[PDB]
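*Asks:* Produce the complete structure using the sequences and hints provided.
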Amino acid sequence: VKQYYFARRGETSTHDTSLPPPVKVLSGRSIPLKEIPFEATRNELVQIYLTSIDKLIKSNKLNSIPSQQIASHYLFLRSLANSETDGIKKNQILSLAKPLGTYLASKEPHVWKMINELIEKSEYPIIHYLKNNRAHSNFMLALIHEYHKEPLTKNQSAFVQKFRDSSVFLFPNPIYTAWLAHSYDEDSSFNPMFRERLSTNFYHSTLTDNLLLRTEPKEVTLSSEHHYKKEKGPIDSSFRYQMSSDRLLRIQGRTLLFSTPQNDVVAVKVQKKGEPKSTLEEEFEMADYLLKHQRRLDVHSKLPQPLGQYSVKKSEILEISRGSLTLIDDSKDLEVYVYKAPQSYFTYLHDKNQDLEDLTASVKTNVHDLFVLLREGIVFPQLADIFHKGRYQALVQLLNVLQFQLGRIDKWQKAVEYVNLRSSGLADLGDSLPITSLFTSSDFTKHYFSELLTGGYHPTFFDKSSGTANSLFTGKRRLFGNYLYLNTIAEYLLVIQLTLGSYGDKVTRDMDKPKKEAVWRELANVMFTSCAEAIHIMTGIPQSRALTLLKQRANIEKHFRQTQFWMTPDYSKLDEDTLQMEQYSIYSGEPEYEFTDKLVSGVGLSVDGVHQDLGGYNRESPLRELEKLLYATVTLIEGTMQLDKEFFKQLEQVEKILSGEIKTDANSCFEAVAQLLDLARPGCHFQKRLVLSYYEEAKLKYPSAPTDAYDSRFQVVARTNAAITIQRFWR
Amino acid sequence: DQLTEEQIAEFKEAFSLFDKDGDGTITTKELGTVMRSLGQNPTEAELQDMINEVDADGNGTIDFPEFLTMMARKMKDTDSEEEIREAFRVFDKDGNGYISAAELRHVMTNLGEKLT
Ligand SMILES: Nc1ncnc2c1ncn2[C@@H]1O[C@H](COP(=O)(O)O)[C@@H](O)[C@H]1O
Ligand SMILES: [Ca+2]
Ligand SMILES: [Cl-]
Ligand SMILES: [Cl-]
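Taken in order, these protein sequences are the chains called A and B. Going letter by letter, the first sequence gives residues 99 to 423, 430 to 492, 503 to 625, 627 to 846 in full-length UniProt numbering. Heads up, the second sequence is in full-length UniProt numbering, so the first residue is 3 and it goes up one at a time.
All clues stand as given, with none of them false.
Below, a list of computed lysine-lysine pairs in the DSSO-like style, where the Cα atoms sit at most 30 angstroms apart:
no., chain 1, residue 1, chain 2, residue 2
1, B, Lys31, A, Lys100
2, A, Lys132, A, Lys503
3, B, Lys14, A, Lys764
4, B, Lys22, A, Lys814
5, B, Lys22, A, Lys390
6, B, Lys22, A, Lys803
These are computed hints drawn from the structure, not numbers from a lab.
*Replies:* Written out as structure tokens, the structure is:
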């Protein structure tokens, strides 16, 4: 039967609508907050870079630059030129790049050979030449400071002081988008971690920010039949369960679990002290909507069957229970939601009684429905109660001004103590939310993400002469929906990590060190698989490859060793010199997690002395590889969408050149087809097959033209496609 | 099933790539382009088996083997060797092992048809 979504996603003009006024009030004074344009400031610095290449050539001091750094200038100029459209502005760049060619070919002839293998490989050879430690060398800003002997404007200062870590942050949109998605390939040694003068710099969050600022504001359009648009009839609670005390199995919080001859459970959830009746009507109407569209969405969870939503005298509820047992409402009438669900629906995903076989498949069930329903337009913002208002931001560096590093998770075990991820799948479905509430000035967004919607102040942003605070951050008001989108993805995957960590800590307590490391190794593998499965649902990328793209940016060994270290309490029984001696094993290049707090024995780092925290008091989380893993995950998802977007925008051009809708010469048509191959996904063949078919069709529209440059790069696509048609035909 | 997993995901990614609106349904206009990428340049596929007007992946991985179990697979495996045959009638001496080392898979390719 049918399988589709009731959500069609597109683009809009601006998310800055019904937003709070962009103003910081500081001590009676009111300070306007102003956007610093990204692309307008980007082109300024490139133009300064281009003008500075001229001053470098006129200065004759080409030998004062290492050949590796000249190879950067040349390759970028060659890449920037082919990204250019009109032949006049294109040749001005090629004029600048030729003296760097006659120098390299004359003076450093071996470097000339090596990059000449790249120029025959790609229209943007710089994106591959920067697949390694060379990307940490900012050659563009180095030349600007050396030859542009003139102070930069206040905006150019802000852009540079924000994107100092690499030159790729100055590339035009197609080159950065392509360089970023190609930095995860099998031949890429790029990790955003440079070591300064004994300091180690991480800029994995800066990649995602430089990517988002070039994007267009997303907008999701929910169908007429969606759960949040279709007018719903009243809940038909025609039947009333007969609350039997002998069949009262248990009492989970405020839910009474009742036994039943069918070996399932009839659960009755009671009105809480503060919850209105609507919160219970919602859980009913969502379970129905999901049971209805279960097949249509391929929901793997065992959804509960809703039975009734009706009022009940509190005297009956209080009398029905006399077991172990405070949280219900006061005295008269407790509104009720009664449902039927398996016994799995009540074992939390972190139950120590789950073997790795059952846990793994129950985790996979949850992460599937989590992201499958996300595309449908349903968001679950209350899966767990995580705090550092006070809620925890998974992608915190993208949503706040200072936000140097991640946050301290306070409970991390009491946060997922009663998580809404069960062994049966999703639970508590009433705490749902339309995805549109992420892309609009809802009560949710302006309360929890007020700084992202307002604009951000810092004294370094203040212009004493202008009276305004200027920042790149205030540009996010136009795009804030996309930020909360990717934050939601990491939010989901973080709750899986705290759940797995709770399971790990509980089964390894009172346990053979090599047998205990086995549990933590597999739990590291379940998290890596879970992130990769999300990329598959969101981008169509084969999970097997999305996992390899992931394992270029995230170290599964470190993540296994940091989780085992910081989620178990055993490090509390270590002395100061022996503790730092063991932290080197979980990081091994990165700086040890520096902290000052007193270690609570038997627990570890704890603010309240009872429950373990994840990090020092006002410090960051020591789970550093988790922070990389979440940022690598959301950068692959949004970075893939953007590459596919830049891919399709070029695919139109070549279709308008071949079909005749745009008149252009031959060697300028092949340039359009060869550039399309650079915008294909890494590892994706049918994209490369398509641009091969487009190429052959071009050699019929321009049969008189030579194909010296575009021969080998399309031959390998032919050899790869040929070799697949004998490998994929070895049935 | 009757379609192997090696090309199921290839169909899944191609469908999810051209499903530009993310609805899980694809239109006829784009459908032609997804097959040229998948390796078919058909004549008139407007004859199909859908619900009313458009098709999902469920309708895709069923419609596609109907058009995949038609192919002259022998007419293709010969064409793949022509991409490697230098002059003619000589597929490859050592390239057979090499060109299969890293394209899609390589695990002890049975060395039959040897220099016998
Ligand atoms: N405000 C809420 N409304 C409904 N369910 C919730 C709410 N907050 C948490 N839950 C989850 O719902 C399940 C049943 O407990 P309860 O919180 O009483 O509904 C548990 O998994 C809770 O974590
Ligand atoms: Ca569609
Ligand atoms: Cl320099
Ligand atoms: Cl910023």
